[PDB]
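> Chain residues, written in single-letter form:
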Amino acid sequence: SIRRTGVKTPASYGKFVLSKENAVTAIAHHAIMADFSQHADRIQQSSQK
Amino acid sequence: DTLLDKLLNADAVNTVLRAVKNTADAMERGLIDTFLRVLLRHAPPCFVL
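Protein sequences appear in the order of chains A and B.
Read left to right, the first sequence gives residues 1 to 49 (the numbering used here).
Read left to right, the second sequence gives residues 101 to 149 (the numbering used here).
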């Protein structure tokens, strides 16, 4: 049942980025909400999409 | 730099430059101060003069 097979694997690391917004957020009240502009477009759209 | 270092570094730069800039201000105003105080210590009053 054990079959030797080449499995695709990531050859690099993921990244966590701090936005222009998000640095001012972490300065302002010492927290980050991840994916902020992807929240804010939902804000100016209908909210919970 | 994932950009949160960059504000901190440029604020270190701004703090050092504003320190030297207000330092030159303090040097000029202290020159004003001690020049005025030397004129006070070398100026007799009008009822003497």
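Since the hints were derived computationally from the structure, they do not count as laboratory data.
Hints may contain errors.
To be verified - In silico DSSO-like cross-links for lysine-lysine, where the CA-CA straight-line distance does not exceed 30 Å:
#1 A/49 to B/106
#2 A/49 to A/20
#3 B/121 to A/49
#4 B/106 to A/15
#5 B/121 to B/106
> Does the alpha-carbon distance linking residue 49 of chain A and residue 106 of chain B stay inside the 30 Å limit?
Violated. Residue 49 of chain A to residue 106 of chain B sits at ~33 Å, over the 30 Å cutoff.
> Mind checking the alpha carbons of residue 106 of chain B and residue 15 of chain A for me, to see if they're no more than 30 Å apart?
18 Å, holds
> So if I understand the rule, the pair passes when the alpha-carbon distance is 30 Å or less; does residue 49 of chain A with residue 20 of chain A pass?
With Cα atoms ~23 Å apart, residue 49 of chain A and residue 20 of chain A stay inside 30 Å; holds.
> Starting from residue 121 of chain B, check that the Cα of residue 106 of chain B is at most 30 Å away, please.
22 Å, holds
> Checking one constraint from the list: CA of residue 121 of chain B to CA of residue 49 of chain A, max 30 Å. Satisfied?
51 Å, violated
Going through the hint list in order, the structure does not satisfy hints 1 and 3.
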